[PDB]
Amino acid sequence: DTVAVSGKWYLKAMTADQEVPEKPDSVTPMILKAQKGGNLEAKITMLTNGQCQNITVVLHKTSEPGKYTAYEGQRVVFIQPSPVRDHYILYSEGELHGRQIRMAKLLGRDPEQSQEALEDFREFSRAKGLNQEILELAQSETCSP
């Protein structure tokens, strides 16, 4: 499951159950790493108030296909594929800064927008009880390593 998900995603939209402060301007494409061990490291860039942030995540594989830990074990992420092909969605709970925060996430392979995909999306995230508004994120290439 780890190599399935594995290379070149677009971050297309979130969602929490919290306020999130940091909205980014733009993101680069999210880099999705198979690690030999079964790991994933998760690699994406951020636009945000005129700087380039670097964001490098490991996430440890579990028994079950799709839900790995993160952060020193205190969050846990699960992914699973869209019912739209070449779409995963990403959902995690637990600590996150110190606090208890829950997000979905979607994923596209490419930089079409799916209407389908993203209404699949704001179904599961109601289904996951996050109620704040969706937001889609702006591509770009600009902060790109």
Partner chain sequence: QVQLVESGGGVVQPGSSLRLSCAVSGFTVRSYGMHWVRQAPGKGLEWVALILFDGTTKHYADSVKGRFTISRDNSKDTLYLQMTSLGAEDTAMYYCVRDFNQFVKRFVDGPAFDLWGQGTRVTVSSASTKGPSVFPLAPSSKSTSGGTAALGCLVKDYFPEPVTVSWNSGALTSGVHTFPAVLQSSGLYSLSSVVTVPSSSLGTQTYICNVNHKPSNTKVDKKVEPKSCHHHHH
The other form holds:
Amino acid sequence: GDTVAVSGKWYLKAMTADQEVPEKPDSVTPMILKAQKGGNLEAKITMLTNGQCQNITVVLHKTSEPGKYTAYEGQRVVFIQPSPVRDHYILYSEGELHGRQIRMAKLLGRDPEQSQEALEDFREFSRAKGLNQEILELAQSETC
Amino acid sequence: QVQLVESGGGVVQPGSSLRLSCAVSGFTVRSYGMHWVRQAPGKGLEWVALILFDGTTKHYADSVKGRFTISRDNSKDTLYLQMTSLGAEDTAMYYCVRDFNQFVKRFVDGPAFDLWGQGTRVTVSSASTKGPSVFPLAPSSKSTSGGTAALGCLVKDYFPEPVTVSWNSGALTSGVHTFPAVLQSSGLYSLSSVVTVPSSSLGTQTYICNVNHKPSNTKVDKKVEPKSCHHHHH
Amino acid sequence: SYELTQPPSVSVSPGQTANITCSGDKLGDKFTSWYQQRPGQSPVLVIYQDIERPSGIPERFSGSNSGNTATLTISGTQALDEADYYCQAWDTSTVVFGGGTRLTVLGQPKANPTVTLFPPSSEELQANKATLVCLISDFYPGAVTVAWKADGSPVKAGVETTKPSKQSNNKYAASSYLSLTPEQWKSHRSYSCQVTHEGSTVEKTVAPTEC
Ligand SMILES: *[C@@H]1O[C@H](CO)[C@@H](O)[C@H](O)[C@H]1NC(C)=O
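Same protein, different form: I have the form deposited without the partner chain, so give me the form deposited with the partner chain bound.
The next block holds the full complex; its first chain is the one shown before.
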């Protein structure tokens, strides 16, 4: 229902955090989400850090709560929710990332071009959710 | 309209190469996972190749790996299939199809092909006008003792259609069945014609089949005689 | 690789509910699509994601998927439902079609095939060729499977089978031809032509029993 609603192509446009920005990437590819039988989401993104293209694949295991999913063997809760702005979504996430608990958020849109409108809404949500309030935008390419 | 139209089929020689085209209407071709599916006459659907909306991801059937590449020109709203080193196994109707569950705004792990073109036929044979080889299908020696018995003419490896088969210069029409031709992977046709006759006559009445092949100006009149051999017992 | 398995045929009287199955390993873990194909025409999607129906498709069509079995159910079957049906699913980098199922909606009394197997002719043999000829006559529904054996184990090498055609009696005929090397014909004890129609098998066999 909503797993199929958020399926397809997204641009990861903005990210913030409660902690620090580790190997925070130069450029990202489009984020692809595939709705799998049973309600899980397969997210795939490529990113350029220091001359390397890291492919990333994260399965979002469906919980019984609308919008709530687990990943990384249930150590990380991910909350999916639409922007008020058309064609945008926010991913809120908490739990351990890679050794340290990092409460995070991400801004998705169907179109690459930044919406100052979506970015405000992001800045509101993020600050309310507790944040360094250091909204970081992200450069975009179609391949890496 | 919202349709897919294929073109570029035709008859080719084994080993040669052919590009197939698929003109899309009604949507944008790079927004969707697009596929090619074929079916040889009288057989089932065989999936051949696919390209995802990413334009970079490509999968083919183990059968065509190497020999085939799929692609698209968004500016011409056209999907392409390039086929090399064609063999007889590639003879078929070829269809482009759209996976509406592979879309920039909807991606489900379950291919569903809502759109299909009407198809473009591909034929890979060196076949050329060839007269038939006519062989008697002689009656069984067990059905020869009594009842009726079945005898025939096998009309083999001819091109093109048609072939006329009668019996006894038209004088024998009862219990005649001239079966429709088969079209072999070689692109040649073989047909069989069979008569059911009384076994009592086998010895007296002689049976000749009259095969005419206008395309090759070949006419054959084949005596079909009973051969008599006592073999295995116990 | 991954194989989807379909009974080759199914027949029903108009009004009767037709079931059509497709088997594969843990097929219940995937999304299955179903396609309908009437003669001389392009396939049409009738079911996707196991149970969902595109608009334009009547409610009498429905689908399920459990374990290793996906089933296409057609309730109150209509005459125009007569077609070939195909299941599809996604395995690994591969899209897979089952082999298809001829649903006939009966408009005729059923008629069992008569089957006629001729061995190779000596004249053929003298020209170093060899054709076994298997003529299938007077059958309804017009859907047949042909399996050629050699001594008892299957043979798919030199086989050509026509598609069923309608005769004058409005019943159907097919041909199948098995091309082999005189050597193989001599080498084996017996060859068999096996036709299967409405879940029942007629098998004629032949041997080099000529003088
Ligand atoms: C077909 O499927 C239904 C649903 O499982 C089954 O109950 C029924 O027996 C089948 N119909 C017939 C009579 O073939």
